[PDB]
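First comes one chain, alone, set out as structure tokens in the form solved without the ligand.
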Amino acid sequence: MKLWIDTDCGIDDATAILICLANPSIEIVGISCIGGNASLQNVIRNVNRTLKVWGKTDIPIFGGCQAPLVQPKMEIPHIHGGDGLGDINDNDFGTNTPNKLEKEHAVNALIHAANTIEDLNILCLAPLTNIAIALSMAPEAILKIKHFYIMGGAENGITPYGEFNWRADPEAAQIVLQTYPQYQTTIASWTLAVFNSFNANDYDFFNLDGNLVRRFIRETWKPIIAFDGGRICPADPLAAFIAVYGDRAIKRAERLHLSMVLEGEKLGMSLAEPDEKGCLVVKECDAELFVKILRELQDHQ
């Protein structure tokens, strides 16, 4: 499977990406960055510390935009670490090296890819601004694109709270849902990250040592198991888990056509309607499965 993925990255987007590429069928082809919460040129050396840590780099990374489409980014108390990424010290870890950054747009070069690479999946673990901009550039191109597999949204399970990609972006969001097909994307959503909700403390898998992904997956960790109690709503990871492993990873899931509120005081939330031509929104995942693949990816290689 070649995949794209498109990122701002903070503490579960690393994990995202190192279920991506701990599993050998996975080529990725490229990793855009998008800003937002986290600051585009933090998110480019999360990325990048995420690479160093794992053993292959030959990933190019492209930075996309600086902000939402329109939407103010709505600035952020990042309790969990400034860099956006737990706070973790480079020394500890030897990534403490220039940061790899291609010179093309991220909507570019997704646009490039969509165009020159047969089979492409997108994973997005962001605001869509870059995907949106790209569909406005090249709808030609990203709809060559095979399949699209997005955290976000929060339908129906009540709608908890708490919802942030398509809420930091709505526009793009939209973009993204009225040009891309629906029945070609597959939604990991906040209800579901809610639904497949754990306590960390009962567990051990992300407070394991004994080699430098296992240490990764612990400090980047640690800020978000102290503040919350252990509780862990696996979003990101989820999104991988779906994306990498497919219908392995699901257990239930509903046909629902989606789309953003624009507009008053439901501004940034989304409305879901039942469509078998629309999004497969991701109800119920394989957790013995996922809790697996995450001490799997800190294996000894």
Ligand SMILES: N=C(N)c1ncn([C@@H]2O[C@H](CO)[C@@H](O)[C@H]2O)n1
The other form holds:
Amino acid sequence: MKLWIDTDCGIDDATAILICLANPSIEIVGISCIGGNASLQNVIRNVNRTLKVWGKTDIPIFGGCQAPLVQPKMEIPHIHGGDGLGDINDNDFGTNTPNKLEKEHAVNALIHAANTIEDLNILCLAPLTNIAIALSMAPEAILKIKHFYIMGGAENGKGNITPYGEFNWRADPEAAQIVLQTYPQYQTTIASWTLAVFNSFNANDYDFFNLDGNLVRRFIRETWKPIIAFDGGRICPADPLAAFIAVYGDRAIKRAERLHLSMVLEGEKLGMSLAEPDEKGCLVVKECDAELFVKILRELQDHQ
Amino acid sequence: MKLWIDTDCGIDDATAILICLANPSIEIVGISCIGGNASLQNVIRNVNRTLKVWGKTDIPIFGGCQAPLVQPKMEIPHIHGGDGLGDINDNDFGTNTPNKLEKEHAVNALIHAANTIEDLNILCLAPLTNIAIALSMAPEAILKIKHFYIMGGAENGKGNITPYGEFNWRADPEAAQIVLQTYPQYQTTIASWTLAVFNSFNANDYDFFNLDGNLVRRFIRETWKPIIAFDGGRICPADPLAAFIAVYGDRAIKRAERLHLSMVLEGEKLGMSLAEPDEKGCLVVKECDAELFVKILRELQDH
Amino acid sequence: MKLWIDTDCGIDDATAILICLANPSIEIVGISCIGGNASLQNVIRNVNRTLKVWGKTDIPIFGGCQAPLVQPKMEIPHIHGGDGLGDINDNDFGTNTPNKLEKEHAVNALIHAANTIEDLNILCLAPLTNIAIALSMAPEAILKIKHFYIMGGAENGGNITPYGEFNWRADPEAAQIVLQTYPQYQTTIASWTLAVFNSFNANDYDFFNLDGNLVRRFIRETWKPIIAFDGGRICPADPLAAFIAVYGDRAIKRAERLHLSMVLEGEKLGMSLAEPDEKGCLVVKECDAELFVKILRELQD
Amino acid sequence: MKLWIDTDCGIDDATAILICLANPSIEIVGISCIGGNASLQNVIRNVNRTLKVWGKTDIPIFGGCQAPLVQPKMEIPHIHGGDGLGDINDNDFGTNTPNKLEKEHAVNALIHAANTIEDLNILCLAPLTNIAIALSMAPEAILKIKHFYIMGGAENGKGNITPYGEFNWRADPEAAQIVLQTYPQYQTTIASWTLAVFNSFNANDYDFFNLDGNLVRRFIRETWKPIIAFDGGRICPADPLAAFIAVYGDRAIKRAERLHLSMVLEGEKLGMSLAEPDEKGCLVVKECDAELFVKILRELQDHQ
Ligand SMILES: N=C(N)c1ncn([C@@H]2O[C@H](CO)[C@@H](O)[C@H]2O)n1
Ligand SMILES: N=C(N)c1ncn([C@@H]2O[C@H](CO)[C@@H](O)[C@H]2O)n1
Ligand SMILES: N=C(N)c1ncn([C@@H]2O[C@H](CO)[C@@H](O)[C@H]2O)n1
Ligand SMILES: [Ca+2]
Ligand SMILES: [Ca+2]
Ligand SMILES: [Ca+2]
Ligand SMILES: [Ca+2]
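Now show the form deposited with the ligand bound, given that the preceding structure was the form solved without the ligand.
Now the full complex is given, and it begins with the chain already shown.
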């Protein structure tokens, strides 16, 4: 399997990247960075930090856009802290190291990946301004991508930013609907924020975000600490779940409904995932295999 | 005066290119293609067709995007024909050559031309999708451009009349909006479709688009036929006027108004645009030298 | 004058229909629906909407087919908006009530119609997939029809391009079936070139803009998208056919008699081979521009 | 197996019907007749004949259309005669009795069959005008058909009545291409005309269409005399092979290629076979078991 990830790396994106790095089956070919949880400038730095702690300081990184397609840029989100990832220290991890970054726009990079990578899967953990522009520039390139595993859009109503919306797609509703009307929805899988709240763990019942023994475990707990509080003491794996499902497939699926989606770019509900059942649409997951998600999360943080 | 054109090459886009080809104070640094009136593929073809009817094949041509950003593509084969260019036969013009194309995206290549090419200008006869996408990828690049000449809108200001439908901005209002909010409107001149409709000619009364003497006359005469007969027998310069002002500077304008354009990306009217008398806005031209414009129409069609 | 109607209900269709609802010498007997401007179900919805805004949906609405006869269902048509009817908010018309649709196929009901409804006329405002398939199954019935009024065709002969024509190019085999089965002599034809030649300039003409009632609202608010799409021009493609079909020769200034065939190969598949012929079609060339706009206005009282 | 027959009653059509009838395991639930070798008037008359000759006429008979879809009737050299089946005299068979036809139109009976009765199969021995119109009017119901067996085409160069195409498809290539593009080619099997020349019999060395005794032998012999003469003296039994495959499964097929097929709807080649090696396409049978074909031809005419 061969995968390309586009991320606005906050805490949970870094954790998801660790998921895909932990699995030897998974060949990460590029990482692409969009603004969201943290500023593009910080998201590059945060992905550097994670590739450093895991020790796979070899994958390429590309700087995409720093804004939405049409909608105006909003105020820097403090949801993930100043540095955008629990505000960790780079002397408290040894991540005080020159970073790595290419010379191609992540749009240019991902288009290249789509033209050249046989059986390329994408894992989209962020606002999709990149992939949307990528589709509009060279659609005949992007549509070669073997499959789309995307995180975003709270379709059951209740979300994170608005009363009933979702952060990543509200950040660029245009970017999302570009994706949904350009890439074939049958070949995409969608992890919604609602699936993130439905599998939300109690903070004092679960411990895999409070261990030590290696820098992976230290990372996990000190990065997840500040957001665990923002979800009112609960673990809302929005991106870790998108990643877990992407890389394991059918032992992550329990009941995922086939649906066609659309975005609402007009009215007060600018950012609502709206959905209509179809068998030739997206497979949006509604339940998880929770015990196995715990048991792989505990795997990657071992030192053995 | 160096210059880069973006085009949905149908009939007026074609003549507008010929305006910029006749005057040897212009250097077309390149031409960029966007699916607009016709499919993208046809737009590239027709760009070749006019460069060949001119005999200046050494201009590079670049593929772009095929649809507008979020809106459906909405080609108009009832107004421009099927090929996009009036359905003219190429064995009638010696235009059955293979097509010169470059291996780079117009978006990369415009970003590159903005960076490497001092005092460059741009004249946009199409939806602004390519330009928006380049402004999103490398805005620091495109904002080196010394001036934008764009064709779109249906302004009123001091005058009180708005008709119905403009093509270029009703097609990708997202693209127009990105442009209007990212490029300095004070560095922008605007030939409205209302400028076109107010500068109509009854094709009976003037003659500039039925003349026979060369290969460029035969080109313009049979290209313009269908859209002329579809616009009411009327010639409404919508693209030609863009080029006519974009090279002839302040020596082709009669009444220019300064308003702060604001594309409406929501509500009932998603194709319309708002504007208000702003000094730091765009250069919306209301009137132009109609008597001097027809003369360049005649003077490019020589032997 | 008893009259069955086939339509792929777009914006033009709807007001072509209202032409017929407003005439007390016309009795529409059925509406059959085809996938043309929008997918079939949108077409059923907008026929229900038109009948509702006019206020008498006791006229059964039959479903036809969702593709041309052999042509690859391609080229999604969003000219007429997503719902086929200019994207009208149903709350503005109170028409978000359930749909009327009969259980018979429009082809079979067509056939039962011509098999029982005497001096029945036909108005075809759409691709002729339905009409032609009935022609193959049961011609001996459909030929009982006393006249065909069809919209479609763009006789290339002016400078209008035949590439704005839609009805016939959408399913050109359908057109051939008809023009090589049903009498060209008992057939009147409003072309797309006819419809452009009788285009109004919008800015100068006002009949498609009023809000004294629910049909004025319906007309204006549905034609907005087609006008802006058509370059600020009103091209009564459908409505002209219904004008002619309802008002006979009183609606015609000029008309030729032309034998007609469909190209079905090569470069111009959906094009019209046309020849002067005593026993040909009554291809209309010009109508009475005034009494048209009169009737358009009158149906808004 | 429960089977629907669509036939343009010529000589071999009739004997293929006899095949579907000799098997106590293949129930006939309808016969939809349609203009082909002979006019509709004939094919109804002649289906009636085959029924009466065999003894079971309880099978409902419906009338399809009188024409092709778009193409005309062109040039017919009475390959099957004036009545379209060897011009037999019904007084030699006692078939001068009344004819049975139903009230419904063969397309409506067709779609109704496909809508209700289970695991239904189609065997088409004619121009596919009926099935084309029934697919257009109701694709969702014809798509309930479990399998299609069609005699048509000549994927190999030459033809039977065309230098390039085969009669059943050249006659209405529009309907042909309709069924090829609207019904799944993977649930379809094809008896090519070139399969009927390859698998042909030197009538000068084979006898199964020359037997006297019971009326089954009388019928087969006296119908097949003329069309054997017209076909150079060979026996090219297209429809009998089609029914051979449909009724008798894979032990009828020795070799087959799976090819995606398509209709030249243009040019000099109008009506011509088009194929391409495709695993999920169609199943064009190349070499049939010539031995068991003759066995079951002899089993039908047995005195028993
Ligand atoms: N735990 C939260 N409340 C939270 N805040 C922001 N996020 C991001 O939003 C998307 C899902 O909404 C993911 O990509 C996450 O990065 N999550
Ligand atoms: N005025 C337009 N925008 C327009 N252009 C084409 N149509 C459709 O084409 C048929 C005529 O051939 C009509 O009846 C409509 O269905 N409508
Ligand atoms: N020309 C011939 N040798 C010939 N003989 C019979 N036919 C009929 O054509 C189809 C063959 O594909 C069959 O189904 C038959 O009905 N044609
Ligand atoms: Ca994220
Ligand atoms: Ca243009
Ligand atoms: Ca119509
Ligand atoms: Ca046969």
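Numbering follows the first chain given and starts at 1. Throughout, rigid core stands for the largest set of C-alpha atoms superposing within 1.5 Å between the two forms.
- Of the residues checked (228, 119, 102, 209), the rigid-core alignment between these two forms shows a Cα shift of at least 2 Å for 228 alone.
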